[PDB]
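Below, a portion of the complex is reproduced, with chain positions unchanged.
We just call them A and B in the order they show up, numbering each chain from 1.
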Amino acid sequence: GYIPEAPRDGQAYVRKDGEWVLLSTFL
Amino acid sequence: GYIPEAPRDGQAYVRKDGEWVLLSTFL
């Protein structure tokens, strides 16, 4: 389906496993 | 709600603050 909004919290998110995961996880 | 399309412009985007932000911002 379509993807719901990510957290709105001053952090960047990427799409993984049908979820929003912090970009910083990967950096 | 659901998220609208990001710019279609040859650049990658991540989701932040209910917006599409260039990935390159963080790299």
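To be clear about the criterion, a contact is a pair of C-beta atoms (placed from the backbone, for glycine too) under 8 Å apart; a residue touches a chain by one contact, two chains touch by 3 or more.
Every chain here is the same sequence and 2 are shown, so how many copies does the full assembly contain in this file?
This structure file describes a complex of 3 copies of one sequence.
Assume only the chains that are shown with their structure count from here on.
Can you give the whole-Å distance between the Cα centres of chain A and chain B?
Roughly 11 Å separates the two chain centres.
For a test of understanding, state which residues of chain B touch chain A in their complex under the given definition.
1-3, 14-18, 21, 23, 25-27
Report the residues of chain A in contact with chain B in the complex, numbered from low to high.
2-6, 8-15, 20, 23, 27
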